[PDB]
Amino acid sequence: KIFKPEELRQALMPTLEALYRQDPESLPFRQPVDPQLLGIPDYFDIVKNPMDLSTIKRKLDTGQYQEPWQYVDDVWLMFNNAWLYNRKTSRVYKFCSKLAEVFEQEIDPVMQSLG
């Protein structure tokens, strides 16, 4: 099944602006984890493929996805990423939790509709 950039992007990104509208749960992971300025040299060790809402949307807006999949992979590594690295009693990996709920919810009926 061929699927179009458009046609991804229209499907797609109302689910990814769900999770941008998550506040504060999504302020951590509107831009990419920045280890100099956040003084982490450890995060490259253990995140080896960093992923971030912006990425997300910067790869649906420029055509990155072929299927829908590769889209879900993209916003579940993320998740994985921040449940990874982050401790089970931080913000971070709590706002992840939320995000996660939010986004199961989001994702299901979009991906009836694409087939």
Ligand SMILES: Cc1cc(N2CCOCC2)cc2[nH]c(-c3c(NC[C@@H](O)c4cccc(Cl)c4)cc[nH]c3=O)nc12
The other form holds:
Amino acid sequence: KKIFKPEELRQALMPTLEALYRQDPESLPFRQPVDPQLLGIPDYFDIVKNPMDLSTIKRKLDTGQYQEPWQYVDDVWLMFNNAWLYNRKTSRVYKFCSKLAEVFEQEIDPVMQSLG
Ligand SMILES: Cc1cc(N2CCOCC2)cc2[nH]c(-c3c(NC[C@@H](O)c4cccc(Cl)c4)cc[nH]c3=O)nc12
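Based on the form solved without the ligand presented above, generate the structure block for the form solved in complex with the ligand.
First the chain shown before, then all remaining chains and molecules of the complex.
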């Protein structure tokens, strides 16, 4: 069984996380936890049972809260899947999510291969 030091996951995965953040305007809806009242979508938690966003993912990676790197992959897809569930398939935020997901699928593959 691989043993992953927090510092190894941090340095290896941070560039993939930067690749999501740097997408402008597509990353903006994902940068902070969804605030249903401020956004005027009060049925958000009626639909999304487990919220996830970039700031949470970034904190876990920065402070060493992942035991193994596929939990980071889990959190990223949970964030995308939340957005694809709540938002209609042709809407702006659905398309934004799809753009971030395209970037991620591309960046994460070689990084996960090198982590073993
Ligand atoms: C690539 C892709 C495209 C799309 N759609 C494109 C068309 O438009 C609608 C959205 C939805 C996706 N959902 C998931 C997904 C996971 N993927 C792992 C993959 O990253 C992966 C798998 C093995 C090795 C590595 Cl290194 C990385 C894992 C857990 N739960 C998930 O839902 N992947 C999706």
